[PDB]
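We begin with a single chain expressed as structure tokens, specifically the form deposited in one PDB entry.
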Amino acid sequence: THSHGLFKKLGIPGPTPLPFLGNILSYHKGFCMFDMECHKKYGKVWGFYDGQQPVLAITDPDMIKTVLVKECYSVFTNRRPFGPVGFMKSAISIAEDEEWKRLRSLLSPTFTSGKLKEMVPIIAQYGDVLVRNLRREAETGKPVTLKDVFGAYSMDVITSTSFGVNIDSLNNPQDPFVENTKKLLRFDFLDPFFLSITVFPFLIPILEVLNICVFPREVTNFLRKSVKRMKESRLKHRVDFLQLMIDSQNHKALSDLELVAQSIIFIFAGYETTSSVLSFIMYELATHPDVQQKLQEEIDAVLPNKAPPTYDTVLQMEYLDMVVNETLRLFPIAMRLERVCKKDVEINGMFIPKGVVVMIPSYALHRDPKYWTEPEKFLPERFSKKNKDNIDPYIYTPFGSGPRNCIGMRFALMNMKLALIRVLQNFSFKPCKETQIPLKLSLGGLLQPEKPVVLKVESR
């Protein structure tokens, strides 16, 4: 069509698009397979169309640094709009340009290492809860699906960190927080709805005037009311995500609806993501028990006699840092990094026209043989103390990079590591007969396993 000749004029290789559809039919193998395929068949830079939207993929480390870090505030500042957002347009991950710079300033101190150290005791409290509910499942003599145990854990930390709500999600699935928040699963961008709106971006403004929100509106209105009630209910900082935005509420000021929007994004950002990575980590520990043994030995060394973890101790365990990093290399759940080019610009000898989405194939780079030897093998020694300097930080980007990287990286890493320390110091995980030995990945818009990971759990 009239927008499909762009990459031909610039002389950029890519699959030939179809009218009205672009290359979305090539998504039948999934985002990951499509990205790795184009990397093999086109080299270091290629292009394709999500409907009428042109997308340029870049793999040069210098270009990635220019897009994500150097020319970030000037050119590559925002992400592609993804659908009808409603009042959630004020969320930090959805805000654009000056509003984003303001909100990120108003929210950066919330994710300081100092504030994270003050959050460790609260998160550790539900590590003991996870172990208690894990032992009962171990006594059943039957395999357990890790998504439910970790999802229960990830919910308990989120509620206790975002608010003061202490809950046992696995045993108390009735509290209004547990019910509504359990409907904040990740967005399958290859489903009929999202595939439709990428082909029909003109329908996004229509959906907004019908008050059709991409987030379930019942959960949003419930959460807005609960925050409005809790603000009066405390009208003892307790290292509370909501409180840290209330005391900071008194650049510019953070509004009440803005505060509500950020709180929901933190719940959304850390419920399935935390549980998914924790499930991937345990799968690789079962199929590679030598790693699990050394990790279980390192946990006992730093924290003897099943000692509770600490900010100073978690940041000390080196082999635990290797297991999370290598799992995030194999399974970067974002799969991709996107920036919208807001003006004509030339980067590293390449012309990027206005309006083109620049894409960085994190999954494709993480499994590229030109940077990783035996990429499919899960060798956690890639990040040893003497081999962790060879890795290019712009090829391995599990949390993104630049001033729009993950704002909750330290929390997520701490939260996951605190969970791993407590569970491996009491249990061992064995591959049962209901476990997929190859672990086929899903073909949709999510980086999740095809079948849920079920493993045998024994007590130590």
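Numbering follows the first chain given and starts at 1. Superpose the two forms; the largest set of C-alphas matching within 1.5 Å is the rigid core. What changes on going to the form deposited in another entry:
- Superposed on the rigid core, the two forms differ between the two forms by 2 Å or more at the C-alpha of one listed residue only; from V165, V149, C72, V178 that residue is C72.
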The other form holds:
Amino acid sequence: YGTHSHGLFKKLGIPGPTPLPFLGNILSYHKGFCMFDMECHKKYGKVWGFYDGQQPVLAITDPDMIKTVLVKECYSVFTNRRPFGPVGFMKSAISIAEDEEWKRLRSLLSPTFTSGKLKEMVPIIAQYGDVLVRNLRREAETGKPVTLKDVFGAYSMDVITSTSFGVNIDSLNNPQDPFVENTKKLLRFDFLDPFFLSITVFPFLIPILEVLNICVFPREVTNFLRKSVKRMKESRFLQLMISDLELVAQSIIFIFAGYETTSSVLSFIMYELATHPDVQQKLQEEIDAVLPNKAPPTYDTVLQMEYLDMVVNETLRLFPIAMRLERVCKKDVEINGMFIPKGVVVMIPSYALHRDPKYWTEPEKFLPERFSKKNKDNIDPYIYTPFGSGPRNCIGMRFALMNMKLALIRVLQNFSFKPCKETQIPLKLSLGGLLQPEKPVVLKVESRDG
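Given the form deposited in one PDB entry, state the structure of the form deposited in another entry.
Just the single chain follows, nothing else.
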């Protein structure tokens, strides 16, 4: 044994890197997830396979197959994502839930993320849009070059607290440690770090760890928050959901999926507006045309912003946070002539696709015009997929976008961001399992006549 699934991609006739005995193909992750995926797409073509230990992963690319798994799948065959380390009571989280139990939660929370309940949340988010400008004004006046993800991570926190349970606080290094230390600890998992890398190789550990009540969502923070929710559940997203303890699972997840996820994207965007100060100028004017001098953004003032939408999307093109998109093959099935067997993890190289000469010309270039209607809609969904596609895509995509734009509005309409000393140029991506800069983005911020 040690090499269970290795007979697969040979007997099936699918190309790919040849695996070692217990590791299979992991050492290839020495460059990262996206790095490994670019190489594989180039070399093995449109479809190939590799082994995450003894777990076979088939990477598809033909948009025809992509729609069939991301759409023709509601229990059909594909439906769940790869199961990871000891989850504990979080096995009730919607992003972690499976099969019928998932469809329940999904179609139960959907109401909570409708337009109308969003245009209703705007007021609140705007509130923290202004706090951001205040806190950003300090670092401008002091003349010290700013570290992005810190102000954005604070903004993300501010909006997560208030919208998840109306807990209004000024996270941003001000009353920085009330109920903020817990929340602040809910970061994305780096699946390429020692711990997870081991479990991927030795999945038999999961049942072992779970008996020792070791969970991948630290008991410390989950406990705090589970008791908090109960507190205000009595005092009374929380208000809309309001099982009694499945509710605590969702609430924590939204924070997990929206926190470091938003500030991470936002910091990337402010980076592109540095050696694209020209783009920032256009954006700035577009914001002033719609909203007079420092006019307050409205739910609809945002939708009417072609350029803002172009800058955001093109940023998400180059940097699709969830590098990959994968689903698990529930049963044996063929689909568009291919045949994938039960238990195989179907992967979709989001980052690699978003940077492949086939659909993008000079793909390394940050040029917004791609999304202006004329270049726009000449691009295939299933190819550009930052929030995924189909039934099981980002349930909070719009919210994510609103939030990120509102943050751009007030910010752009008050400051100008230009590079400085430690500001890396070009970029350089980390070789870990998270799509981050590697050496955080630093930008000098100056007030716009203030």
